[PDB]
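Could you build all of it, start to finish, from the sequences and the hints given here?
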Amino acid sequence: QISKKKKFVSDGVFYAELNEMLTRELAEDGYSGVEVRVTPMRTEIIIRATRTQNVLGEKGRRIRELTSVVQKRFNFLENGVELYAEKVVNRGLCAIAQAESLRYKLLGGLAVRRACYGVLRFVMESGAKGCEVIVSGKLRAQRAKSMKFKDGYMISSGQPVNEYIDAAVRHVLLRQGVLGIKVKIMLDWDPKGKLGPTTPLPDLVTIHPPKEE
Amino acid sequence: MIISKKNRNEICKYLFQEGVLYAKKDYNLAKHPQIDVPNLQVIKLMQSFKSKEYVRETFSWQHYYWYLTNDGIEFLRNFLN
Amino acid sequence: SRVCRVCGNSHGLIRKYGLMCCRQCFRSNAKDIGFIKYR
Amino acid sequence: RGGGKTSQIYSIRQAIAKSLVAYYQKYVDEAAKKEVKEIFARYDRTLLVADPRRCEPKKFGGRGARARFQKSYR
Amino acid sequence: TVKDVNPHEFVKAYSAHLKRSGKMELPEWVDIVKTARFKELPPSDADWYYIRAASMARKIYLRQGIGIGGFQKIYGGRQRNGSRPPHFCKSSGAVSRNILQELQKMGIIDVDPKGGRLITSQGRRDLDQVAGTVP
Amino acid sequence: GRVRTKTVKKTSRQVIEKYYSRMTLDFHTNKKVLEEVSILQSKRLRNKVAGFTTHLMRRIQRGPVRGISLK
Amino acid sequence: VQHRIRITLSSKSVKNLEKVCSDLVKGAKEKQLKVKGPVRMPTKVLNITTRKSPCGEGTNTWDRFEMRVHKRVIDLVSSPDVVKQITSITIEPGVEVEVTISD
RNA sequence: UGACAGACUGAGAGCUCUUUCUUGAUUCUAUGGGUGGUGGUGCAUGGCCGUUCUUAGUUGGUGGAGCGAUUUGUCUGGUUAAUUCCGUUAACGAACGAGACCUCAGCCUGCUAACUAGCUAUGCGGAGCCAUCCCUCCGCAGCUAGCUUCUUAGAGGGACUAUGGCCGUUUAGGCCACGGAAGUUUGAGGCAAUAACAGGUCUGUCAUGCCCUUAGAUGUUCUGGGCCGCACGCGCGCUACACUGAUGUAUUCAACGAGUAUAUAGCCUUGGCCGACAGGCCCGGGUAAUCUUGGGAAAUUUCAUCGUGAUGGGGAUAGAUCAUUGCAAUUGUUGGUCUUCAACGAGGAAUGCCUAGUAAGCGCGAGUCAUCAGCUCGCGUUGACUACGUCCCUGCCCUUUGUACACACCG
Ligand SMILES: [Mg+2]
Ligand SMILES: [Mg+2]
Ligand SMILES: [Mg+2]
Ligand SMILES: [Mg+2]
Ligand SMILES: [Mg+2]
Ligand SMILES: [Mg+2]
Ligand SMILES: [Mg+2]
Ligand SMILES: [Mg+2]
Ligand SMILES: [Mg+2]
Ligand SMILES: [Mg+2]
Ligand SMILES: [Mg+2]
Ligand SMILES: [Mg+2]
Ligand SMILES: [Mg+2]
Ligand SMILES: [Mg+2]
Ligand SMILES: [Mg+2]
Ligand SMILES: [Zn+2]
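The listed protein sequences derive, respectively, from chains A, B, C, D, E, F and G.
Its first residue numbered 4, the first sequence is counted upward by one per residue in full-length UniProt numbering.
Its first residue numbered 1, the second sequence is counted upward by one per residue in full-length UniProt numbering.
Its first residue numbered 18, the third sequence is counted upward by one per residue in full-length UniProt numbering.
Its first residue numbered 76, the fourth sequence is counted upward by one per residue in full-length UniProt numbering.
Its first residue numbered 18, the fifth sequence is counted upward by one per residue in full-length UniProt numbering.
Its first residue numbered 2, the sixth sequence is counted upward by one per residue in full-length UniProt numbering.
Its first residue numbered 24, the seventh sequence is counted upward by one per residue in full-length UniProt numbering.
Calculated directly from the structure, the hints in this document are not laboratory data.
Treat the hints loosely; a few may be bogus.
Think about it this way: if two alpha-carbon atoms lie no more than 30 Å apart in a straight line, the pair counts; the simulated DSSO-like pairs of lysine-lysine are [as the list claims (entries may be wrong)]:
id, chain 1, residue 1, chain 2, residue 2
1, G, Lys42, A, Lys9
2, A, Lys7, G, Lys42
3, A, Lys197, G, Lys42
4, A, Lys75, C, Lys48
5, A, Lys90, G, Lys38
FRET-style restraints, in silico, Cβ to Cβ [unchecked claim]:
id, chain 1, residue 1, chain 2, residue 2, range
6, D, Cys130, F, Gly2, 19 to 27 Å
7, G, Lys52, D, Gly78, 36 to 44 Å
8, C, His28, F, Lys33, 57 to 65 Å
9, G, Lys52, A, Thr55, 38 to 46 Å
10, G, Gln108, E, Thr18, 53 to 61 Å
11, D, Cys130, A, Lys90, 47 to 55 Å
12, A, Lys10, D, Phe135, 24 to 32 Å
13, A, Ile168, D, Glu105, 53 to 61 Å
14, G, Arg27, E, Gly87, 32 to 40 Å
Quick partial rundown of chain F residues pointing at chain A, CB under 8 Å, derived from the structure [what the hints assert, rightly or not]:
id, residue
15, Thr8
16, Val16
17, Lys19
18, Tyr20
19, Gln42
Positions of the beta carbon are idealized from the N, C-alpha and C atoms, including for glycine.
Structure below.
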């Protein structure tokens with residue numbers, strides 16, 4: 004038995020530990036996040052990624068491996084926790100997904116410009132109100148420099164940044180330096196909430212048309 | 001390194017059943033959770049099995065998660081089965 | 018004898034609430050822990 | 076309850092003033108309480124209206140909600 | 018009554034009252050101690066052991082379930098650490114202990130189950146009488 | 002320090018384009034008019050634009066006015 | 024037969040939390056239980072203040088992080104199996120419920 | 001491979017040696033390769049942070065001008081905290097930053113409720129009493145509320161310069177007045193743009209490239225010391241130099257938060273007892289609006305003592321001794337007790353912070369923590385003088401102008 008302050012801090016830290024640790028396993032699958040749901044006599048963790056048969060492996064062997072290791076590391080009751088690896092509904096708006104996608108395109112040797120606009124065009128065709136990619140480091144030259152690429156709308160100050168800006172940062176382990184990647188995606192107002200956030204950006208007014216009688 | 005055949009057997013019997021194993025960088029515990037060993041063999045025999053890549057490894061920030069591979073199951077079946 | 022859960026270094030710790038992480042790791046992972054910064 | 080010393084005394088002042096006005100308004104006459112209203116408010120308005128002042132918070136970079144630390148160049 | 022009487026003159030009147038209304042035992046270290054670690058001199062009054070008791074009488078009067086530590090805290094004060102910043106320092110234990118034991122020995126106050134010190138009814142009688150006998 | 006921004010004034014002119022006979026001088030009435038005829042994200046911006054449109058009324062009702070066009 | 028039960032219910036987010044509060048109150052009042060709540064119990068404000076620099080250079084700048092932990096309590100007068108008839112409805116993500124049997 | 005005894009060494013490190021016993025293909029030897037480094041390089045870097053810069057600034061698409069770097073849009077003027085808006089207009093239409101946004105605080109006798117909050121009434125009790133009831137103040141409990149004002153926390157409501165006067169192209173707005181809780185966006189913050197710095201960080205990181213090291217180790221562990229040394233100079237601070245005071249009684253008022261199985265009760269500690277103190281023993285309570293704490297804080301208030309004296313201001317220094325934390329207290333960890341009783345007479349040249357619950361005074365909590373808080377971050381308590389300005393000093397933004405400067409006047 005533990006206090007509630009400590010329980011909530013400990014569950015935040017546990018969330019942090021999974022969300023960080025799963026990055027080495029599901030890097031070459033487009034890891035994008037986990038959500039931990041509290042269910043009776045049972046423990047549910049929804050990993051979300053981009054390839055079920057590669058996250059599962061063969062006949063769900065790899066998710067067995069990971070659920071067992073999470074079981075044993077975080078001392079759950081056996082058969083308490085098991086993990087489903089569901090598909091992201093959309094992939095072009097997950098800043099994390101884009102971060103490791105660009106990380107692989109850029110480790111493959113693909114030219115920086117082609118790779119970065121490969122990210123930009125994909126994000127835009129995926130219906131994003133705006134995006135930028137910032138690369139910093141020693142690309143093709145010694146003295147470090149930043150390549151910043153923008154497109155579309157963008158907000159950076161005030162509350163709705165947390166609401167709309169899907170932002171990630173990743174490192175790249177290419178030889179003769181380290182090359183940092185920042186991906187910011189501004190989201191679009193989908194009041195249904197399936198794709199874009201429900202509440203709208205507070206610089207918008209929609210005067211309704213005067214229906215006539 | 002120094003290992004007893006009984007130590008390496010309680011490693012093999014455990015790995016055959018589980019397939020995963022986690023260590024901790026917390027060193028000099030003399031009792032890994034879920035097995036009995038001074039935590040030096042845990043890190044270093046699976047370091048050897050990684051060097052032979054029977055087990056493929058993700059480091060996970062001094063939490064040392066290992067999940068065994070279908071090559072390593074053949075390795076251990078060549079021992080106990 | 019006590020370090021971060023995150024980086025395992027010996028300074029700048031946050032003992033309060035039992036985090037066992039340093040002031041740097043804590044900010045680096047603060048938003049996913051849930052420390053919403055309302056002010 | 077709560078406060079300090081002078082804070083509590085001024086709270087007494089406000090509480091008894093408003094209690095007299097409310098008692099008169101609801102149980103005597105509105106024109107009767109209006110005389111109390113005007114006697115109190117002619118002398119001062121702070122008897123009847125709460126004072127919206129609070130000890131506003133202290134910001135980093137100093138000991139004090141508005142001052143800073145003494146600053147050294149050399 | 019005692020809530021109607023000025024809090025100081027009631028202390029004075031009761032301090033004289035537990036002098037002339039009979040007598041009791043009294044420790045043979047009263048004219049030594051400082052009654053607190055942060056104090057610097059012992060009380061300048063001679064019958065401080067009686068003014069103290071008069072005050073601690075009305076403390077249990079108007080508040081219940083008070084322990085020895087509650088009096089330690091209530092009778093602490095500002096401790097000037099020298100060149101250090103000053104702090105709050107709790108008072109002494111033995112002085113309050115013997116005040117409470119003396120009042121118990123006259124049955125004015127008494128130790129309650131669930132802990133603390135509560136007045137007795139005839140102690141209430143006494144305090145109310147001495148309160149009424151003040152201008 | 003109270004000058005209204007474009008997000009206020011553009012909206013005020015645009016709403017006063019369309020809804021004239023259906024909104025009046027009184028500030029609070031215009032508030033509640035705007036509740037049913039527009040969707041905003043803050044009561045303070047609602048108050049802000051209603052309070053700009055109300056003196057837009059008090060100027061229109063007495064003389065002509067710049068671009069805003071009404072049948 | 025008809026016993027007294029406590030449900031305590033905490034969270035991090037008010038908008039999430041109040042939906043559960045209305046949920047259980049209506050779940051009880053569809054079946055006419057003797058309920059009292061949802062008592063709103065003062066918010067815990069977890070706070071950690073940190074120097075936002077990682078090396079200690081430049082003007083001293085701190086940032087103040089805070090969680091807000093919200094506590095709600097409800098009393099029901101019903102049997103625990105009748106309680107389980109209610110508390111199998113959907114529970115919203117992030118909220119915690121800790122039904123206990125009291126005096 | 002580990003080890004008895006003895007020497008060696010602090011070592012109860014079998015490291016080496018005299019000694020023959022034990023384990024057995026795990027090793028050892030050699031060549032490569034890695035591993036580890038609070039080693040170097042922040043002038044190879046990622047990130048993060050600071051700063052430029054708390055100011056209002058910045059960039060396209062198409063179009064106009066120019067051979068061109070570039071310029072226009074981004075402005076004459078008015079206004080605004082604001083590239084804020086009106087408007088002007090070879091520009092048009094836009095994208096950030098501002099604003100808008102979120103958090104706290106301030107108003108609600110309006111709504112939702114609350115035996116882990118608190119009134120209110122009655123029922124007994126206790127005590128004061130024209131006593132016999134009544135009346136005043138406390139205690140305890142409930143099928144007491146046709147209770148939620150105080151407390152909490154949700155949803156909401158509220159301010160918009162809305163109303164009036166005056167000025168203003170009667171536009172943008174400003175100044176004033178009633179009302180109102182609120183009329184410097186209501187107060188304070190959070191977040192915060194383009195371009196940059198060779199700003200800091202390789203000592204936060206299994207983030208890192210290159211170099212160095214890699215067993216006789218810059219690797220890891222242990223012991224002892226060191227980071228604290230002191231002729232001195234500087235910076236942030238604490239205590240004061242007293243009578244608007246110090247000392248000793250009496251009097252009584254907050255807020256912010258905090259409390260791991262911490263084993264044989266254990267982190268906050270109530271209560272009883274012993275002790276002058278320090279601190280000990282026993283019963284226990286609390287994973288918490290439940291127990292601490294309904295924080296019983298100080299300043300201040302009141303009554304006496306000191307009476308201008310380096311005095312009872314000051315508490316520096318130093319001796320004696322006592323207890324707790326710690327596996328360890330020495331270069332005294334800390335806290336007591338008695339004594340030792342320094343400089344300091346309101347501080348030169350200079351310089352810093354500050355415009356309303358603000359400065360300043362006063363205490364509390366948290367961080368660090370086994371113990372150590374003069375610090376830092378929060379919190380309340382008491383509570384002002386001055387001004388509502390200006391570009392004179394230091395700087396910032398725009399325009400014009402000048403330039404032999406561009407690493408940019410430190411030219
Ligand atoms: Mg850098
Ligand atoms: Mg052109
Ligand atoms: Mg041309
Ligand atoms: Mg152009
Ligand atoms: Mg503001
Ligand atoms: Mg640099
Ligand atoms: Mg050492
Ligand atoms: Mg040092
Ligand atoms: Mg400083
Ligand atoms: Mg003195
Ligand atoms: Mg401390
Ligand atoms: Mg420090
Ligand atoms: Mg200056
Ligand atoms: Mg030149
Ligand atoms: Mg010159
Ligand atoms: Zn760390």
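Quickly compare the C-alpha distance for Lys75(A) and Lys48(C) to 30 Å and report which way the hint goes. Roughly 26 Å between the alpha carbons, so the hint for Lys75(A) and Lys48(C) holds.
Should the hint that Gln108(G) and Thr18(E) are 53 to 61 Å apart at their CB atoms be regarded as holding? The hinted range 53 to 61 Å holds for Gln108(G) and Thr18(E), with Cβ atoms some 58 Å apart.
Is the distance from the Cβ of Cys130(D) to the Cβ of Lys90(A) consistent with 47 to 55 Å? holds, 54 Å
Distance restraint evaluation - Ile168(A), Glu105(D), Cβ atoms, bounds 53 to 61 Å: Holds, at about 57 Å.
Given hint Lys38(G) paired with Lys90(A) - CA-CA distance at most 30 Å: holds, 27 Å
Given the hint of 36 to 44 Å, check if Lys52(G) and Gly78(D) actually sit that far apart at their C-beta atoms. holds, 41 Å
30 Å limit on alpha-carbon distance, applied to hinted pair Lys42(G) and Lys9(A): Holds. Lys42(G) to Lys9(A) sits at ~24 Å (cutoff 30 Å).
Minimum Cβ distance from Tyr20(F) to chain A below 8 Å? Status holds, d = 7 Å.
Going straight from one Cα to the other, do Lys7(A) and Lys42(G) come out at no more than 30 Å? Judged against 30 Å, a Cα distance of about 21 Å means the pair holds.
Taking the least C-beta to C-beta distance, is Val16(F) closer than 8 Å to chain A? The hint holds - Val16(F) has a Cβ within 8 Å of chain A, the shortest such distance being about 5 Å.
With 24 to 32 Å as the target window, see if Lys10(A) and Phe135(D) comply at their CB atoms. holds, 30 Å
Would you say the C-beta atoms of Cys130(D) and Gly2(F) sit inside 19 to 27 Å of each other? For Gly2(F) against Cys130(D), whose Cβ atoms are near 26 Å apart, the range 19 to 27 Å holds.
The structure meets every hint from the earlier list without exception.
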